Amino acid sequence: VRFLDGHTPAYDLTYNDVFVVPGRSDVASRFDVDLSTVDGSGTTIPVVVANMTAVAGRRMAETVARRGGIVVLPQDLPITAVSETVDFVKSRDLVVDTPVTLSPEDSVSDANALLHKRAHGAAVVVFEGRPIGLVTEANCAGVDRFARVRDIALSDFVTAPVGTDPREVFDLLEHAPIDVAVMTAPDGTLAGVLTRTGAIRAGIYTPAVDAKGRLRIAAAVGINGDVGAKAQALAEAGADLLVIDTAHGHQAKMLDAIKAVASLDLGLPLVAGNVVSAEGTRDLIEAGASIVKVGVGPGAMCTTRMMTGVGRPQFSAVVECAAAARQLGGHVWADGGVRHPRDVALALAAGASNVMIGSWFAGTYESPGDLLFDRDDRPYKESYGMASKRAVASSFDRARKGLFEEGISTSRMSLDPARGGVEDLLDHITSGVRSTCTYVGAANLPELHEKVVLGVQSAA
Amino acid sequence: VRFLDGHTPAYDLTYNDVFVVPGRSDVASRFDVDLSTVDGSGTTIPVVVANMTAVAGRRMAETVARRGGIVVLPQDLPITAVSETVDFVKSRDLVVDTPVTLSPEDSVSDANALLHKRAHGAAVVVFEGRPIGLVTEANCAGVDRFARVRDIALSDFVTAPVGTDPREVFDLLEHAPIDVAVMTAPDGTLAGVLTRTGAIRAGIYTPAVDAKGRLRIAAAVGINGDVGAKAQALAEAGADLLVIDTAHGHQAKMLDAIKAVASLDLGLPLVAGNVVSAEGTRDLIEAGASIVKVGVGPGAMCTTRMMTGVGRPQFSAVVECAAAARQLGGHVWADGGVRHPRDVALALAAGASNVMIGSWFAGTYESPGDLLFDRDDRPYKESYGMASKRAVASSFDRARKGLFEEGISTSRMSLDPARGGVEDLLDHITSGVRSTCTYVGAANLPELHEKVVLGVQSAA
Amino acid sequence: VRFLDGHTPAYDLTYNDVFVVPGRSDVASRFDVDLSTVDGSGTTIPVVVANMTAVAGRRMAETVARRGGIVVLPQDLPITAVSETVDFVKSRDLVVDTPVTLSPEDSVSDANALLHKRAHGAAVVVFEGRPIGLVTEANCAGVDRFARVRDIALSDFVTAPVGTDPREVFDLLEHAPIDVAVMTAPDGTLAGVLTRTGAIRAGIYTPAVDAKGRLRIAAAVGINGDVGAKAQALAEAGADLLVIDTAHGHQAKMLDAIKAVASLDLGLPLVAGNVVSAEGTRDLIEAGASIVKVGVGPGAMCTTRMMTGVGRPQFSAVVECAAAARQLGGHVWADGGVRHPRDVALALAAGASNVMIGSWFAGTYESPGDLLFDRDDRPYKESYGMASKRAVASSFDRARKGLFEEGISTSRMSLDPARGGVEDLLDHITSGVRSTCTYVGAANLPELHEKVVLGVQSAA
Ligand SMILES: O=c1[nH]cnc2c1ncn2[C@@H]1O[C@H](COP(=O)(O)O)[C@@H](O)[C@H]1O
Ligand SMILES: O=c1[nH]cnc2c1ncn2[C@@H]1O[C@H](COP(=O)(O)O)[C@@H](O)[C@H]1O
Ligand SMILES: O=c1[nH]cnc2c1ncn2[C@@H]1O[C@H](COP(=O)(O)O)[C@@H](O)[C@H]1O
Ligand SMILES: O=c1[nH]cnc2c1ncn2[C@@H]1O[C@H](COP(=O)(O)O)[C@@H](O)[C@H]1O
Ligand SMILES: O=c1[nH]cnc2c1ncn2[C@@H]1O[C@H](COP(=O)(O)O)[C@@H](O)[C@H]1O
Ligand SMILES: O=c1[nH]cnc2c1ncn2[C@@H]1O[C@H](COP(=O)(O)O)[C@@H](O)[C@H]1O
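Protein chains in written order, with the authors' numbering: chain E, 2 to 394, 401 to 467; chain H, 2 to 394, 401 to 467; chain D, 2 to 394, 401 to 467.
Mixed in with the good hints, there may be bad ones.
[What the hints assert, rightly or not] FRET-style restraints, in silico, Cβ to Cβ:
id: 1; chain 1: E; residue 1: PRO187; chain 2: D; residue 2: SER104; range: 32 to 42 Å
id: 2; chain 1: E; residue 1: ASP152; chain 2: D; residue 2: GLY130; range: 22 to 32 Å
id: 3; chain 1: D; residue 1: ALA139; chain 2: E; residue 2: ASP152; range: 46 to 56 Å
[What the hints assert, rightly or not] Within a straight-line C-alpha distance of at most 30 Å, the following computed BS3-like cross-link-like pairs (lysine-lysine) qualify:
id: 4; chain 1: H; residue 1: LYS213; chain 2: H; residue 2: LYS118
id: 5; chain 1: H; residue 1: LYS458; chain 2: E; residue 2: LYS408
id: 6; chain 1: H; residue 1: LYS390; chain 2: H; residue 2: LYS408
id: 7; chain 1: D; residue 1: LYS213; chain 2: D; residue 2: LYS91
id: 8; chain 1: H; residue 1: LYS254; chain 2: H; residue 2: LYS408
id: 9; chain 1: D; residue 1: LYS254; chain 2: D; residue 2: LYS408
id: 10; chain 1: H; residue 1: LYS458; chain 2: E; residue 2: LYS254
id: 11; chain 1: H; residue 1: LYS458; chain 2: E; residue 2: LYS260
id: 12; chain 1: H; residue 1: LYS390; chain 2: H; residue 2: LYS118
id: 13; chain 1: D; residue 1: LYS91; chain 2: D; residue 2: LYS260
id: 14; chain 1: E; residue 1: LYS408; chain 2: H; residue 2: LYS118
id: 15; chain 1: E; residue 1: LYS118; chain 2: D; residue 2: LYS118
id: 16; chain 1: E; residue 1: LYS118; chain 2: E; residue 2: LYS213
id: 17; chain 1: H; residue 1: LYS390; chain 2: H; residue 2: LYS260
id: 18; chain 1: H; residue 1: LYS390; chain 2: H; residue 2: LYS254
These are computed hints drawn from the structure, not numbers from a lab. The C-beta atom is built at its ideal place from N, Cα and C for all residues, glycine as well.
In isolation and in its complexed conformation, chain E is listed as follows:
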């Protein structure tokens, strides 16, 4: 990184403390920028979904991986659930998305509830595998909430075979009342849907795929119990990337856990965290990890900072941790505090190869939580932390532990009425990051870190 002459403050820098100075550029268009990563994750955009049960669901895994991102499944998920989730994600089409499906015998109440699990705005009525109609929220309005789907389903819809050029599907939906094109398998059964906006993303985002052409997906593992056996079985389940996650990554028990996984030679990229120091970053890489997760109490007003006083501003942490990782051939992930595309761009300029986002993505249609409404009828979803699942660990013992546990904090994450889907947030984030590179003169993320010039601003 480069700072303006004299910009060496006597403190650490948060995302709000720094700004990017424009430089000489020959990159005119945002589309000329290549957002592919070089950390072995296989992502085409520098966005990683945090390993939190409030965010890392099956629909989020499919939706994010299709647009070039990756979702890390939360640690301690039962291996049966991991296998079914991986099999679901790696069976999805690289262009066609999975819609909400309904049976003719389902109620209107279920139809309205189950609909808001995707950003398509319409559900496909299925009878013996075949699409027979579409259900919208307008079809559910003004009708008996326990009526059957058959009574409100619209039998007319735009259809096209799977494999059709998305530009042609875009044409078929130009004068369509419902912006959903139902894609059919050769035998006529349901294969998925494609919207006009979804077809656009097909030509803008490159799907993150493994060697077999299947959508990528990652999964997390804690440092208690048998780390080797769990990470081994997690690799057997089809995970394309393994993340060893703990609150204090710079500890001997985390150091030992990385040695156990590395000694198995699983052939998967290894992330380890969290640390905010150069020494801790070097220690995790020497243990056998190739990627380091950066982020320990980034919020001055958050739980970790106010309970213990331990933490570090995320921007200064990444700058120090990335430089330590760069000389060892490693990479760093910026984990925590991401609320705007600015934080994604600033984290990458500081040296990160990927940016991990948690609570921000919880307020989306694709997150596992249920869609809620506040006193003003504004849509929102509840994010919450992993609490003891990132901590080192008979009625007495449980209660003895229970006294000193970390509580589960819940936060109101409002849904943007114009950006309700996680794909809209990916459009929001990547548009800013691409335009950031045009300001600095970078055609990719490596040139971003190389040519970025940074400055410090006052509290004004």
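With the hints as your guide, set chains H and D with the ligands onto chain E.
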């Protein structure tokens, strides 16, 4: 202390200005950390209750000392009341707590008011020293306000002899409708009570006891009048610790007072304050004090700072006074401005041997003040400062002095509906400090100050 | 009817205008009063549910008929739905009620929604016709709304075979924690449920049953089209009583409708309405009707009165119409304006053999409408009128009808948090009516009309 490279700001730092950078750690469990102090106070935890009439009651002394703490009785308290208080605290069982007691002829009005004197959630009805029933807030609801305790008491309760293993008492109380175990003397009379959570606390917190195994106790004394006679009168009354307390500790009249008490050779630790300068710590220890209490106008917008402009940020004050005290083999107490476990952890990292807590603990069941409710019906208590009792001191004379006196400031300290008792606040504080040491890599408090690495953060 | 001396006002009387003067009575208990009717309807309580789609569902038909009432199915309801509704009611147990049933694959969202269709407070989980557990509203709280019933169902429940007397079932639920007893057929299949309150009503209410011992049910028909052909189809479907209903019962088109139904000799009671005059009542009986439905715009400020000014106070209408029916051997139903048990008691004293209740019964669990919540989160239901389905009836023609047609008026019917089920409303009504007879000195409804002494009160 060590600061991050370049973190030498051009100003003094308060608790909000600094953060703790994690280091390599082999301390996995919070319970592996030793919170014992080395300043001679006899505490196994770094929490001191301030010498304030709003906080320093008799029930406060019993409850805090059992969990390893120490309570300083407010100065100028009559010597008769001091003796009565000492005899209570040193007559208590190291595990069994003193419950609220009720007579069968008492009113429901009294029972409801007396119930909130402890955090047990139930009061034991006593007849001729014998427990005959329990009274809860549920028994007081919906009944006549002037009905007798006899009419609402629950005659069924779990009982066990005093001295029984607290691990046993815990399992006896699972299927009891009231989570209060009534402990009995050999002759069947009331000895105290023990809750499920209180039974767990017996195996987590070590009682702060004197050489005879009696709960420890402190004492404060002003600098007006005969300091030697007052210090001796409280020492013979059973105090294990003496606090010479005033607003401006760096004064010649203060030095005379410490020399007067030290020349008595009472054999007890001498605490003296308050100063926030390196010279102030040197002069007070040279006078004969072993512990220097640090804290003068720590709040920028508090009364002392707004009236005189005199003060100093508490963290920079402590770290300077801690550095000076070490060179003379003394210790320092961080007194003032503590509102979160972060403040306790940073005070210890800065070099203080103990953290003095006052107004924060006023909003607890164990504080002497009355439980009040706001316009939202939420519980709170009124904390207030000592005013002139920490200041050096015909009818014309009475008026002129009273005219310039510092007024009593009142502040509302809300009770946490989940942490209504002071023991819950001690759980909150120690959990953070224990977690802090695991982040720093220290197994005890001296190692905390030795291994801590801190940084400065911006206003963002 | 007898009025006090001088109580001959120069106007007609509503239910608010009159009162009952107590008389000498030897009827001590409410249980000594016989509420059975003599009008041929077969009801054992003087309560009939109006032919309104807002109230006349199958859950209401079963619940009211079991307690001695009868429900009139709304006119123009398809004949296929008639047979399905009648066959359901005619197959219900005279003591055992039909609970809400759930599949282990049903969602918690559907479980909470379906719960409010009965007053049992719990739904029975069914697999292949056999009960496996119950789901309560408490079971749905705090869990994911898309969790499965199988994950929250309680496997423990009191069960008893069908045919057990309600007294012993009452005892089995005395110390059962949740007041639902599952009734099973001899083969172990689900026969229904019986609650402690439902067991009590079995000894209080006599079910209204046909000659085969099956619950009674009535149905309404309009005077448009082929009234005779429709009326025969309703009789063949199993209806026990037919109601020929129109807005203006005193018209030639209504008279021809009665003759058509009478000439078919269906063997059922013939109800005709609506009129509010002695001549109108006598004309309908001469046409072939045995029961005349009384009620034309009884509300002073209702829609009918405000559009046309046509109507009559219901109490004076019933008095005049009943006396006219008495001389011709007929009976009258009080239809409209019923809001309290007072209206039922006053209608019977005025000479009506039955009281028709509509919008009041809409705010019940058993009504067909879905349970709603207002801005204060209070439960309520929407009542609404029959509009053109009670009125005499190309594109230009259809538009002319809609232009001058009567709109559908909607009204919010709040649920009593203590009287949520329609059986509680029947308990509220019959308690007052039985108490009314004890004040008058009547052992039955004929004695009520025979011994009643009435008075008029002013607006005070
Ligand atoms: O399109 C759909 N049709 C039917 N059930 C669905 C659909 N999407 C999600 N579900 C159900 O919703 C629940 C939770 O789904 P998740 O939140 O996507 O994991 C499970 O019971 C799923 O079967
Ligand atoms: O319970 C918790 N307490 C504190 N930090 C947490 C907890 N659960 C997850 N985290 C961290 O916070 C990150 C998400 O931060 P976010 O992107 O600001 O929501 C995760 O990736 C974890 O590193
Ligand atoms: O357990 C108890 N039973 C009855 N009175 C009590 C109890 N604890 C305190 N009190 C009374 O409460 C008042 C103040 O007590 P303090 O707040 O402990 O100083 C005095 O009148 C005490 O006698
Ligand atoms: O009236 C007063 N004015 C100023 N400082 C006071 C007063 N009373 C007590 N103090 C100091 O404030 C400390 C308590 O600080 P707290 O815990 O932040 O309320 C005490 O231990 C005293 O050192
Ligand atoms: O116990 C029940 N289980 C499941 N669905 C029910 C139950 N009772 C009523 N319904 C549904 O309610 C609707 C009929 O409404 P109704 O005619 O008012 O009872 C249909 O969608 C039924 O499947
Ligand atoms: O749309 C309508 N307009 C006017 N009267 C109606 C309508 N629907 C039903 N009614 C009458 O009102 C009665 C119910 O009155 P309630 O018991 O006071 O609600 C029914 O039995 C009908 O006689």
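Problem - Hint numbers contradicted by this structure - result: 3
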